[PDB]
Structure formats: structure tokens, C-alpha cells
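Colleague: Work out the full structure: start from the sequences and follow the hints.
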Amino acid sequence: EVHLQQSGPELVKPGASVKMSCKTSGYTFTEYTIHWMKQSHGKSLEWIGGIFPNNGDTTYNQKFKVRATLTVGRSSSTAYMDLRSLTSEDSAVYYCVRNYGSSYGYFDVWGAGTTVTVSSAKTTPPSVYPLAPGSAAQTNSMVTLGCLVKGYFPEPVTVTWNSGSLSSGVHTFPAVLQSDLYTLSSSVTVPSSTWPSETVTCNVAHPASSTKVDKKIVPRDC
Amino acid sequence: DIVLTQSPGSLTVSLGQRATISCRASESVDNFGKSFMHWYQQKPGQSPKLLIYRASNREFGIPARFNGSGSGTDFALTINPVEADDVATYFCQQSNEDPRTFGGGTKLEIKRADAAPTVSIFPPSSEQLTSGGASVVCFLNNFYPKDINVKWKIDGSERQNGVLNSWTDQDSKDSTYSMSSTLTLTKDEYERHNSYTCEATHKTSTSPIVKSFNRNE
Amino acid sequence: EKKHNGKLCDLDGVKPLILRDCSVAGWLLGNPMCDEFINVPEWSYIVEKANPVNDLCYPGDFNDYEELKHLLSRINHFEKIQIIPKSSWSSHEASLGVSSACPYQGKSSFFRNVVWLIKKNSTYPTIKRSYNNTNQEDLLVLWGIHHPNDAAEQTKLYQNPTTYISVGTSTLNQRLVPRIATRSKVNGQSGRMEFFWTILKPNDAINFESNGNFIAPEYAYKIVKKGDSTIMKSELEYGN
Amino acid sequence: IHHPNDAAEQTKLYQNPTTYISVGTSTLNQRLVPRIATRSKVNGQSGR
Ligand SMILES: CC(=O)N[C@@H]1[C@@H](O)[C@H](O[C@@H]2O[C@H](CO)[C@H](O)[C@H](O[C@]3(C(=O)O)C[C@H](O)[C@@H](NC(C)=O)[C@H]([C@H](O)[C@H](O)CO)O3)[C@H]2O)[C@@H](CO)O[C@H]1O
Ligand SMILES: *[C@@H]1O[C@H](CO)[C@@H](O[C@@H]2O[C@H](CO)[C@@H](O[C@@H]3O[C@H](CO)[C@@H](O)[C@H](O)[C@@H]3O)[C@H](O)[C@H]2NC(C)=O)[C@H](O)[C@H]1NC(C)=O
Ligand SMILES: *[C@@H]1O[C@H](CO)[C@@H](O)[C@H](O)[C@H]1NC(C)=O
Ligand SMILES: *[C@@H]1O[C@H](CO)[C@@H](O)[C@H](O)[C@H]1NC(C)=O
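Residue numbers (the authors' numbering), protein chains in the order written: chain U, 1 to 222; chain R, 1 to 217; chain A, 44 to 55, 55A, 56 to 83, 83A, 84 to 96, 96A, 97 to 125, 125A to 125B, 126 to 133, 133A, 134 to 260, 260A, 261 to 276; chain H, 182 to 229.
These are computed hints drawn from the structure, not numbers from a lab.
Mixed in with the good hints there might be a few duds.
Listed below are the simulated PhoX-like cross-link pairs for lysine-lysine, each with C-alpha atoms no more than 20 Å apart in a straight line [what the hints assert, rightly or not]:
id, chain 1, residue 1, chain 2, residue 2
1, U, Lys38, R, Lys49
2, U, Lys43, R, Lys211
3, U, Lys65, U, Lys19
Modeller: Right, here's the structure in full:
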């Protein structure tokens, strides 16, 4: 396995500088060059540049030659990039990939993908709220449950319920702009007989704010 | 500077029918006897992975259903057959000389039997009242196609603000979409209305299915 | 022309297979030291050092080793397939067949593409395993024979005093017997392993049958593309 | 030398479980043993 990691999500005011990281393992770092790419909300892909760890040879695209900088540390077998004069145009995701060939080959393996964003807005811890199923339309065979996250910043947040015990009806939803606030909802499918026989808890994790919230879905009472 | 134009922009085939995707280049991407164009696939919420390298050879681990052929400036990729676990965005990349360029992407849609959405009406919780706000949200799951309109009735009065509809990708098992219409509210409009409901018109049915609730319950 | 760039890069846009330390015998058998050469894509040529470091981890000899390397000069692609899946050996025991001569994160390990079968319940029932090649392209298989140090070990690992290994395809009949002797200790292990190989044409079957000292194949090698290549000896590295 | 398909044939045609063929001239000594195995069928006959 030649799995490559990256760093976590990044927040910064525009006009400052950022430094991303990429960790390589399972293969020889010297042979294969490391390339980077940018994806603006999935519209398309541009090639930023590539660096050869063997001798530090660097090549760049003319669109990012002004501010992109590539550096490799052989001791730690890691690759980094530096960005200068960040702008709201640069709010996108980046991929750490290794080109197999030499200016003619293909990119074999792609990293997890570190997303970045710039905003003058400070961060906000998430606030999960209960969403109990309706007590009127209760079908003996089928019932729906969920909990919604409101008032958090920035992206992203991962949500899993009951420590990921169930993965049948897990449905997650992307966040939507609302007064420069970020909100999303989630829901799963649970049998009616099993509820509320066993406890159900939906958990939300915010790496930026380092908040771990344990919440219990109380049944609705008339 | 090769610019890649990929057509069709959005492809729709049901299960089992050949799906042809194509893209063209400005000059020839063929040099040294072999055409250097690589095909990439990016599943939703996942990093792209290599499918075809040098436009003919297929990576190990990629099922033999993926076929790529081409020569000169035009290249095509064909998938036989197509199942639910094939929805993704496909790109073709050239590597004749730097800088490398990508295609515009292509969503691969799936045709299937129409499914009636399972609408369920939900009241705002008591915890929300303590926070000083309100949010009533309507859930629409397991329907096809994605073409649907959600409507809001407030005591028989149509209302349009605070509409928050979140789209979602096609499912990889049953190929159905999901919707969630959220109406943000607060303490100066919730306490003067009693009836709230969501109706969604769909080509699968004729009349909009209505699910309603009342505060005094 | 008396000047060269001094690097070692690809030919006609296809990256060569640069074997760093393990060699053809080590890579094809799946040496645990180099697991970065599994599922390798198409290459232009094979580069290996004059004196490989990790070659035939367990002591022994590769039968017709130079014959196989001649074939690799004309093959430009290899693919792994599940010819005989593991965990299918319900009678014989496959996991415990590991030797201390091959370290891997401090564990004793073995080759990836071969499996060492030993007795499980003090019995070694005879196996009749046959594989039919439905693939259109030519298929490559390879197995091996284990030569124990003494008769004490033979009963210890295989329970059969006299054992045989019979491999039969359309154009190959072969009875193999273990050649017990007293040998010196290289890589820390006195026993020796003699691995074999053969080329399986499409729509042809190879039949294995043994009651001890058998090394069943685990992954088989497809021959997708045949072209021109050379196995050069050099200590140079990739130059991009 | 005839190599039978299996032990069943060996007893069927030659009646000797273990057989040998020895050819000896002035400059050639040779012990030959039948190498029983399971082979594919070419020209309609499995034996070789
Ligand atoms: C130094 C010495 O020989 N003194 C012995 C010491 O070796 C012996 O331990 C066993 O000795 C045998 C015979 O050489 C092997 O060395 C054994 O090692 C293993 C190995 O690690 O390679 C264990 C391994 O599990 C074995 N494989 C299987 C199928 O189990 C292999 C394999 O049998 C051999 O490589 C083939 O000959 O051998 C080692 O444990 C000790 C204990 O009896 O006594 C000293 O006097
Ligand atoms: C490995 O498997 C293949 C296929 O499973 C074997 O192919 C065999 O090929 C022969 C010759 O074409 C087939 O005989 C013919 O079969 C057809 C269809 O059954 C029949 O209509 C003809 O009258 C003729 O009998 C044979 O059926 C086919 N075997 C199958 C399909 O199972 C191949 O022989 C196998 N390898 C070895 C070494 O046996
Ligand atoms: C792919 O299709 C082309 C023609 O469309 C054909 O020539 C080729 O053999 C096919 N490749 C595979 C691997 O089936
Ligand atoms: C070995 O076989 C015997 C039956 O002869 C059985 O009782 C025993 O459990 C077996 N050994 C193991 C480890 O299962």
C-alpha cells in the first residue's frame, strides 16, 4: 500500500499564508515525484505543480508560479506547499498525488484531500437539536429518526450515530449557505419495534472547534 | 496548451446498456507512437482514481467492464455493463507537454423505475424553543427521478422565504435521491400559525402527497 | 557520442521496472522485503543491481532461473490472479507455514505468491488440485519443493516418510522427490527450496498432486503484452 | 517408455506396481522409472 495522507482542514483570513503537508509511506520517496492539484467545488481540475524529491527539482504551472512553493523533507519523507496572498478565489480542495512517469506518465494514487477556506468570520461550535418522529403517523413496520446540526463554522463536520453501529439508512446532507452560516441535517431508517427498545444517540464531531457532543433522541410525548 | 472538451456533459443510461463517454483535444496528444491520454473517475465524496492509462491499458483492480479506445484527437470510454455502483464524474487528462489539463467532467446518471417519495412531516422540538428559534423540516427519501418541486402551506397560505433544500448524490445501491426542505423560523412568526405541511408534486403520481401536523396535539 | 546525462529514465514514455534490491527471483516469488513491486503496471525494461540484496530469502535454487529471465525480456506486462485461493486448504494448514529466514516487521514470514502447506491434525491427506486456464492470454505459474534437513523434520512437518510431488500439464510430466541430505547453514536455515516454473497456454490445465514437501502456488502471472525489453545491470537511479 | 495415467492402469496393463527399464551398452548405463502423474489429454490419450 502506498497510501498518502495530508493535514486537516485549514481556516485563515485572506491575504495571509498557509502551509499544507503530505505524508508518504509504503514506497520509496525518492523515485516518484509528488504533484499537487486544485479542485474548485468539483467544477474542474488544474495542475498546480510537481516536485522531484531526489534532487528538489520543481516545476510549476504559469497560473500559480507567482505564489506556489514546493518543498520536500527527505528525512521525514513529506511534501509541503506554501501559498501567498490567499483570496476567496482560492477557497477549494487540494489533492496530493504522485506521478508514476516522467512528464508523460499518469497520477496513480490520490490523497484524502485537504480542503481550505478563507473568511473573516470566526469559528462557531456546532449545536445539535432533537428531531423526534411524529407520534400521529406511526407505522408498525417503519419509522424515521434524525437530528439536525445548526450554527457551526467552518466545514467540515463528520456525523455518526451509536458509534457507527448501523449503516443501512445512513443519509447525510451537504450544508447550505444561510446568512453566511453553515447547517446540515441527517437521518437514518430504524425498525419501529426496535425503537425505543434500545437507546439511540447521534454524535457530531467538529475538528476545528474540538467539540465532542453526546446527544440522546428523546421520544416525543403528548 | 491542450484544452479538453468532453461531451456529453451529463450522461444518462439505465442498468445494462452501453455507456459511451468521449472527449476531444486541440492538437494530437499522440507522440512517440503511443497516445498519452489518461481516464480518471471520481466517485461522490471521494478522491479520483485512475481507470485507464495511455488511453488503452487498464489498471489492475479496475473491472474489465471499462473499455477505452481512441487515436489521434478523439478518445472514447465504454462501460459494459452498467450497474448502480457506477455513478461518478469522469475526466480525461492529456500529458503530451506541461501544463497538464483536465476535462470539464461528466456526471453519469442512471435511469430506473420511478419511485414515489416517502414524505414525513416533523414538528420542531422543545429544545429549539429554548434557543429562541424554530425549524420545521420536511423529509423526502427514496424517490426517482431528481425532478421534484417542494411546496409550503401555512394555514392555507403559500409562503416562500426561508426555503433550504439540500440536494444529494444518487444512491449506489437502489439509485434513488433524497430531499430535505428546511424552513428556518423564530419567535415572531411561529406562534401565530397552527397548520404546517409540505406537498411535493412528482411525475410518478398525479396528486401531491400531503403530510400535515398541528401544534395543539 | 562520448557524453551521457548520467540518469536512468523511461524509454518512449513508459516507466521502466526498477528493481531496487530484490531481483527477478525475489520479485516473482513475492519476497516480503519488497512488497512495492506487486501489481506493477506496464514497463519498458527491467533494471536490477549486479548483486541483489534480497534474492531468494529462503535458501535454495530457482530451477531454470536463466530460462525464465530470457522470457521476461520479451514480456511487457504482468498481472496477478487468484489461481488457487488461500483458506481453501481446509485439510492441510497454510498459515503456519512461515520461516524465520524471512523477517517482516520482526515476524517470521514467507513469500506472497507461494504457500507452505504443513500437516494440521497429524495427517497429510493427498491433494488433487487442478486449474484450467480460461484466460485468453498465456498464463505463468510457479511452485516449489522443500528439502528437509533430516528424516526427523520430515515426520515433524509432513507426517509422510516418503513423499512425492507430481505436476502434469499438456506438455510436462514430472515426478519430484525430496532429496534429504546434510547441508551447511546459509541465511540461518539448513533446509533448501527448489522452485520450478512453467508456461500455461490458454485453454490448458495444470494438475498438482502431492502428499508432502509441496509448495502450492498462490498467485499466477498473466502475460498481457509481449514486446521488446532488456534486463540491464546498473546501480543508477531514476532521473525523471 | 510408457507413462501410465494412474496406478489403476499400471496394474491393468503390466501387473507390476513398481517397474524399471535398464538399458546397458559399453558407454551407457541407464535406469528408467515410470513417472505417474495427472496430465491433460492431447490426441485423445492422457498417457505419454
Ligand atoms: C541452532 C540450531 O539448529 N539448534 C536448534 C534449533 O534450530 C532448534 O530450533 C529449530 O530448529 C529447526 C531445524 O533447523 C529450525 O531451525 C527451526 O526453525 C524454523 C524456522 O524458523 O525456520 C521454525 C519454522 O516454524 C519452521 N517451519 C515450519 C513449517 O514450521 C522452519 C522450517 O522447519 C525449516 O526452515 C526447514 O528445515 O524452521 C527451529 O525452531 C531448537 C529447538 O529444537 O534446538 C536447537 O538445538
Ligand atoms: C478448460 O475449460 C474449457 C471450457 O470449460 C474446455 O473447453 C472445451 O472445449 C471443447 C472443444 O471446443 C468443447 O467440446 C465441444 O463443446 C461444445 C459445447 O459444449 C459441444 O457442442 C461440442 O460438441 C464439443 O463437445 C468442450 O465442451 C469444452 N469444455 C467445456 C465447455 O466445459 C477445456 O477443454 C478445458 N481444459 C482442459 C484441459 O480440459
Ligand atoms: C474495446 O473496444 C474496442 C472497439 O470499441 C475493441 O477494439 C477492443 O478490443 C475492446 N477492448 C477490450 C479489452 O475488450
Ligand atoms: C483430530 O482428529 C480427531 C479425530 O480423530 C479429533 O478428535 C480432534 O479434535 C482433531 N484435532 C483437532 C485439533 O481438531
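Colleague: Does each hint fit the structure? Answer for all of them.
Modeller: Hint check:
Taking the CA atoms of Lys38(U) and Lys49(R), the gap is about 15 Å. The hint holds against a cut of 20 Å. Distance hint between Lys43(U) and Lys211(R) is unfulfilled; the C-alpha atoms sit about 37 Å from each other, more than 20 Å. For the hint pairing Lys65(U) with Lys19(U), the CA-to-CA distance comes to about 16 Å; that is within 20 Å, so the pair holds.
When each numbered hint is compared with the structure, a violation occurs for hint 2 only.
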